[PDB]
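The complex appears here minus one protein chain, its other protein chains still in place.
Chain nomenclature is as follows: A, B and C, assigned in order of appearance, with residue numbering initiated at 1 for each chain independently.
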């Protein structure tokens, strides 16, 4: 898969399961066009968002619904979401893993980029 | 100062100086309206963004221009910017510090909410 | 594997390859006894450190040689190592993944604990 998202919970030491993820691509007219969406699995992973053919050069936004995640565990968290915005495929096709580590008042995000 | 931003550089172990920071407030039509902005100081800090009077409950976005920071250092970065989006709530403490720790391919953001 | 270590580099957006890892177990006499060691793979992962039979209850120390990693990329980093110290298997056998995200002046560590 050229785009994978992996979400972990820093409070429980576990994958963050059933987290909603929305991917957008910046259009010709400079607005955020829907691109792909899905929910993390029991492993905290979301695969199958796109293909190398559909995943062209552009600016992409990955929006992870962290607030719904925490509310369902009884936690009122600080952030509305974790958003990752990046230029993709500008030097040709790459594989991108977007990792997010969640706490109620903090998150970190990291990208692992590989060249197939 | 109800809203402060602090930016650190995890590569140099230093404040992140002269980083542009834009704050937006979400309007009734769900667009982002410019609210406040500035550049981080030599201490990596930005204060004086707003007043108790104007910082009412609502949804706010803090955009940190990380890509320009890394480009100035000659380091290829991943993100276009770091965005922090949150609801300001009068039930909680009165002072919000948005801290960001920057690396070229990773950032972390934490909220410290006191008084 | 009941104990796995995964090391990422936050400067390059890549696995941290060939990182030395040393695991110790706190002995009867309260010193750190060598337990296992290895080097991360091209995926930044170290598997095969131990077995469920050898990996008994105890206090374990995972020591990741981050300073040698950065020096070989031409970086003089802040830390000597990243050390993760934890009680394991106290409520029965678990699977532990110790993840470390490295920057020259910062690191984070996270544990993912699963119950087989």
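Methods note: a residue touches a chain if its C-beta (ideal position, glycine included) is under 8 Å from a C-beta of that chain, and two chains touch if they have at least 3 such contacts.
Asker: One chain is left out of this view; which of C:17, C:59 or C:75 touches it in the full complex?
Answerer: C:59
Asker: Given the contact definition stated above, which residue among B:3, B:8, B:49 or B:64 touches the chain not shown here?
Answerer: B:8
Asker: Give me the chain C residues in contact with the hidden chain, please.
Answerer: 59, 78-81, 83-87, 105-113
Asker: For chain B, which residues touch the unseen chain?
Answerer: On the chain B side, contact with the omitted chain comes from 8, 10, 13-15, 99, 101, 108, 110-114.
Asker: Footprint of the hidden chain on chain A, which residues?
Answerer: Its contact residues with the unshown chain are 9-13, 78, 101, 103-106, 108.
Throughout what follows, only the chains that are shown with their structure count from here on.
Asker: Rounded to a whole Å, what is the gap between the Cα centroids of chain A and chain B?
Answerer: Their C-alpha centroids are separated by 20 Å.
Asker: From the C-alpha centre of chain A to that of chain C, how far is it in Å?
Answerer: Each chain reduced to its C-alpha mean, chain A and chain C end up 26 Å apart.
Asker: Going through chain B residue by residue, note those that touch at least 2 other chains and give them in order.
Answerer: Those would be 78, 105-106, 108.
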